[PDB]
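Chain residues, written in single-letter form:
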Amino acid sequence: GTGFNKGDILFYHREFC
Amino acid sequence: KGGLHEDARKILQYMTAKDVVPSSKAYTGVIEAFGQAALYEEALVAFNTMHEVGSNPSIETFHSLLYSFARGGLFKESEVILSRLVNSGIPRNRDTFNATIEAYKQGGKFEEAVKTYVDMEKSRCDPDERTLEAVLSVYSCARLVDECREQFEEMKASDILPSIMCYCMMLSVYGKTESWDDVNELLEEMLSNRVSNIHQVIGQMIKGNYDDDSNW
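Protein sequences, first through last, are from chains E and G.
According to the deposited numbering, the stretch in the first sequence is residues 1325 to 1331, 1360 to 1369, in order.
Each position in the second sequence, counted from 1, maps to that position plus 431 in the deposited numbering.
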């Protein structure tokens, strides 16, 4: 039954502008 | 200090290759070296990498950038630091004001340069010798003979013995207006100069006395 078959780059690297 | 960016880059790579996270002060020296060589792109990369490794910038780091930008007249980038210093909790010291004047001067903004010196005195502070030299270069650059005279004698009015840089700026403003009388008057002051050797040699070599093989 139901028991069958076991049931961060790109940050701080931006343009200074 | 000596502007050896290549050696500074090799130090940082050596530290990273040994799994060593450089300190916030160590990066500020690298940022300083790039600004000495006008390598703004590599300087701002190191500034960006500081936040990446957690070595957040100190007050000295925001000065390495300001002096680096001041030499090139990048007052747009100087204002970015200034607009960043106010929200970072860092009050404007005297060194920040000197870079602002120097940046505006090299960028050709004469009106905004004197305004910073005008707004500096309102906020008290204490102008140093470079600040007087910073504002003197503004008046010397925009051919202000009478204003430069009032700036110069007040430099010696406090017995400060202004450095050779201020003397060379006086020769410019006198030589720009062809005031040959004042040029000879100031040169004789540098010729004797029993206290400072640098003025005597530099003043002598300007006139051409030291243009010989042995005398160079």
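I should point out that these hints are in silico values taken from the structure, not numbers from a laboratory.
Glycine included, each C-beta is placed from N, C-alpha and C at the ideal position.
Hints are supplied without guarantee of correctness; some may be wrong.
[What the hints assert, rightly or not] Here are the computed distance ranges between Cβ atoms for each label pair:
| no. | chain 1 | residue 1 | chain 2 | residue 2 | range |
| --- | --- | --- | --- | --- | --- |
| 1 | E | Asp1360 | G | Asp557 | 37 to 47 Å |
| 2 | G | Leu435 | E | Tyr1364 | 22 to 32 Å |
| 3 | E | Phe1328 | G | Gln444 | 20 to 30 Å |
| 4 | E | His1365 | G | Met446 | 13 to 23 Å |
| 5 | E | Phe1363 | G | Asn518 | 17 to 27 Å |
| 6 | E | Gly1325 | G | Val452 | 50 to 60 Å |
| 7 | E | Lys1330 | G | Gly520 | 27 to 37 Å |
| 8 | G | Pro522 | E | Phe1363 | 57 to 67 Å |
[As the list claims (entries may be wrong)] Counterexamples of contact, computed for chain E against chain G with all Cβ distances above 12 Å:
| no. | residue |
| --- | --- |
| 9 | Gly1325 |
| 10 | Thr1326 |
| 11 | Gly1327 |
| 12 | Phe1328 |
| 13 | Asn1329 |
| 14 | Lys1330 |
| 15 | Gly1331 |
[Said to hold, decoys possible] So, partial list: chain G residues that the calculated Cβ filter (under 7 Å) puts toward chain E:
| no. | residue |
| --- | --- |
| 16 | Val484 |
| 17 | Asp642 |
| 18 | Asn646 |
Tested hints:
Separation of E/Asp1360 from G/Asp557 is about 43 Å and conforms to the stated range, judged on CB atoms against 37 to 47 Å. Range check, G/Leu435 to E/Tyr1364: Cβ separation about 26 Å, and the 22 to 32 Å hint holds. For the pair E/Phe1328 and G/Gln444, the beta carbons lie near 60 Å from each other, so the given range of 20 to 30 Å is not met. At roughly 19 Å, the beta-carbon separation of E/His1365 and G/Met446 lies within the given 13 to 23 Å, and the hint holds.
Distance hint for E/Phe1363 and G/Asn518: a CB-CB separation of about 19 Å, consistent with the stated range 17 to 27 Å. Taking 50 to 60 Å as the suggested C-beta distance range, the pair E/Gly1325 and G/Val452 conforms, at roughly 58 Å. Judged by the Cβ atoms, the range 27 to 37 Å given for E/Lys1330 and G/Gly520 is violated: they are separated by roughly 59 Å. G/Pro522 and E/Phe1363 have their C-beta atoms about 28 Å apart, which leaves the hinted 57 to 67 Å range violated.
Distance check for E/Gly1325 against chain G: the nearest CB is about 55 Å away, which clears 12 Å, and the non-interface claim stands. Annotated as non-interface, E/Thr1326 keeps its C-beta farther than 12 Å from every C-beta of chain G; the closest such distance is 51 Å. For E/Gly1327, the shortest C-beta to C-beta distance to chain G comes to about 51 Å, beyond the 12 Å cut-off, and the non-interface label holds. Distance check on E/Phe1328: its Cβ is at least 52 Å (rounded) from any Cβ of chain G, clearing the 12 Å threshold; non-interface status holds.
The Cβ of E/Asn1329 sits about 48 Å from the closest Cβ of chain G, beyond the 12 Å cut-off, so the non-interface label holds. Annotated as non-interface, E/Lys1330 keeps its C-beta farther than 12 Å from every C-beta of chain G; the closest such distance is 44 Å. With a cut of 12 Å on Cβ distances, E/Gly1331 stays outside the contact zone with chain G, its closest approach being about 46 Å. Restraint check, G/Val484 versus chain E: the minimum CB separation of about 9 Å is more than 7 Å; hint violated.
Interface restraint check: G/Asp642 against chain E, minimum CB-CB distance 45 Å, threshold 7 Å, status violated. Below 7 Å, beta-carbon pairs count as interface contacts, and G/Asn646 has none with chain E, the closest being about 48 Å; its hint is therefore violated.
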